[PDB]
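Just need the whole structure built from these sequences, with the hints factored in.
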Amino acid sequence: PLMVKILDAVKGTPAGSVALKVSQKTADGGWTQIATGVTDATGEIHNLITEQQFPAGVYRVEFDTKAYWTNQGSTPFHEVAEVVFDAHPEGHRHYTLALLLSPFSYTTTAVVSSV
Amino acid sequence: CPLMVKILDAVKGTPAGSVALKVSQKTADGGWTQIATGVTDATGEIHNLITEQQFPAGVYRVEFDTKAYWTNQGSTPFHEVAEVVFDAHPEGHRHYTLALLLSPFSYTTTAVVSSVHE
Amino acid sequence: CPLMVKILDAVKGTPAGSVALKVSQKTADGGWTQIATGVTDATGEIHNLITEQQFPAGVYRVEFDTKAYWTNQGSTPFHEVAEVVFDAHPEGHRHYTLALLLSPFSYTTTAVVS
Amino acid sequence: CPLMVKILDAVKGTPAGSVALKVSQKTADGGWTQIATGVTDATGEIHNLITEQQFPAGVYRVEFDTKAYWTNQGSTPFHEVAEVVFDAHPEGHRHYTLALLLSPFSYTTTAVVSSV
Ligand SMILES: N[C@@H](Cc1cc(I)c(Oc2ccc(O)c(I)c2)c(I)c1)C(=O)O
Ligand SMILES: N[C@@H](Cc1cc(I)c(Oc2ccc(O)c(I)c2)c(I)c1)C(=O)O
Numbered sequence: 035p036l037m038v039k040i041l042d043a044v045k046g047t048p049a050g051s052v053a054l055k056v057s058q059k060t061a062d063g064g065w066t067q068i069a070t071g072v073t074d075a076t077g078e079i080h081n082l083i084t085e086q087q088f089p090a091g092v093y094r095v096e097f098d099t100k101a102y103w104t105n106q107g108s109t110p111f112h113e114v115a116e117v118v119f120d121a122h123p124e125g126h127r128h129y130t131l132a133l134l135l136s137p138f139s140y141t142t143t144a145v146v147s148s149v
Numbered sequence: 034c035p036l037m038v039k040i041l042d043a044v045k046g047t048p049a050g051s052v053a054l055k056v057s058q059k060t061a062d063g064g065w066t067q068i069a070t071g072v073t074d075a076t077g078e079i080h081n082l083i084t085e086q087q088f089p090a091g092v093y094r095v096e097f098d099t100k101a102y103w104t105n106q107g108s109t110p111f112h113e114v115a116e117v118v119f120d121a122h123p124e125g126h127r128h129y130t131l132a133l134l135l136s137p138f139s140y141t142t143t144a145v146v147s148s149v150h151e
Numbered sequence: 034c035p036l037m038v039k040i041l042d043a044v045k046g047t048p049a050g051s052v053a054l055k056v057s058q059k060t061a062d063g064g065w066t067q068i069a070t071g072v073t074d075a076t077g078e079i080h081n082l083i084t085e086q087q088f089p090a091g092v093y094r095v096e097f098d099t100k101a102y103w104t105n106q107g108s109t110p111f112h113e114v115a116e117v118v119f120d121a122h123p124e125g126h127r128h129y130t131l132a133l134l135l136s137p138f139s140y141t142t143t144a145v146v147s
Numbered sequence: 034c035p036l037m038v039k040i041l042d043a044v045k046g047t048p049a050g051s052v053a054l055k056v057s058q059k060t061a062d063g064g065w066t067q068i069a070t071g072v073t074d075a076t077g078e079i080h081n082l083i084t085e086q087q088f089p090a091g092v093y094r095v096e097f098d099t100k101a102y103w104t105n106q107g108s109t110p111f112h113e114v115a116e117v118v119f120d121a122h123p124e125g126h127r128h129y130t131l132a133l134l135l136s137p138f139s140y141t142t143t144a145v146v147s148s149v
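Residue numbers (full-length UniProt numbering), protein chains in the order written: chain A, 35 to 149; chain B, 34 to 151; chain C, 34 to 147; chain D, 34 to 149.
Source of the hints: derived by calculation from the structure; they are not laboratory data.
Treat the hints with care, since some could be wrong.
[To be verified] Listed below are the simulated DSSO-like cross-link pairs for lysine-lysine, each with C-alpha atoms no more than 30 Å apart in a straight line:
#	chain 1	residue 1	chain 2	residue 2
1	D	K45	A	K100
2	D	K45	B	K55
3	B	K45	B	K100
4	B	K55	D	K100
Okay, structure coming up:
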């Protein structure tokens, strides 16, 4: 239900080996960690979470972009890239978090398949 | 396919369906020759746009009718058209995906030239 | 004004007016302490957000209430908020401009470090 | 000035200086006539690019030499050029700012229209 696609805007390839964590907002305004992962070479993570693990609610996906640029040899601006959103996965609703990275800029977009 | 597209609608949060596009190749005299046209499907893609044989190295211009897209959406767009012009280097089984993120008053054109990082 | 913002609305093609934001500084224990808040004017900027005195070297978080902005505009947006987290090195009159481009289902955060 | 530009370099986190550009106006026959050329300064802008008298309503094309910008940076660019094509409606003292966000394999073209 939750997929990601991270692209490197400098190299024109997906951003591989990007560490991420998915958190779910709790009733008291806190966060609970529901999964972690690292993108494969296609800048994707497969079987990140399952349907039952992704009920309606506010989610935060944190991407370790600083480590990504460091490893690539660039010094980046952001300490992390955070994507915080409301998810309504009722039906067939699948979410793709598209992330476009440059050392001093990123774009976070979502593609939400209907039901 | 050596040339793929992926168009996203940044307003609706879905791929941009029914976007008309055309692919032209720069000729020796500096003019443009149209080699393919098409319209994106519901996934914001166009399958079998051109073949490897139709894609020798050279300068290509892919023009997207984003103005009609927004107009059909009931929106007011800025750009007359979205243009992506690039020198293609297909040697070594390099394929291109032209990613395009659309908003009425903004678009982002990115290119992916491998399916994997390195 | 070591810390400036410039927010644009990619749907309307104008700056994003009345966008609420808050600036937090990371503390020794890893937590966040809020040092300023503001709301963008019609040019999508906030003047005199913080002073050089308030902006020492360290890690900062600028959080923009984009959800409220889109809700007010009449759209249902994706993001609950827009978060910009960065290590600042303002020592030496280093200015930071956080440029933010907004659409209901996408935003771009860029930095111009002068 | 009815037509401004603001070019940023997303790799360095600075405006993009010394970017060459050309402004053309579409003619009645579908062709193009050049009305201005310029090069951005260190703030990624070009001052006094054209006058209001030179900017009537119509379709304009602004071509940015981003390929040379990246080549000079020692990088490898994707795009052969960056072109921004739009129907301009300056009536009622509307000015345009073409914002351009550059990375080697990606750029964002946005427009800001203000009543100034
Ligand atoms: N196999 C599918 C996977 C796929 C999914 C999506 I959403 C894509 O678009 C992106 C992704 C990240 C970005 O930052 C931007 I801008 C656009 C691409 I490119 C590929 C396909 O090829 O469409
Ligand atoms: N802030 C001053 C000048 C100014 C105008 C604009 I539009 C700006 O935004 C940009 C520029 C390029 C980009 O690629 C992106 I995304 C945003 C900035 I930063 C500054 C003013 O307008 O008075």
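So, going through the hints one by one against the coordinates:
1. D:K45 to A:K100: holds (15 Å)
2. D:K45 to B:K55: With Cα atoms ~34 Å apart, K45 of chain D and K55 of chain B exceed 30 Å; violated.
3. B:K45 to B:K100: Holds: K45 of chain B and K100 of chain B sit about 16 Å apart, inside 30 Å.
4. B:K55 to D:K100: Satisfied, since the Cα-Cα distance of roughly 23 Å is no more than 30 Å.
Hint 2 from the list above is the single one not met by this structure.
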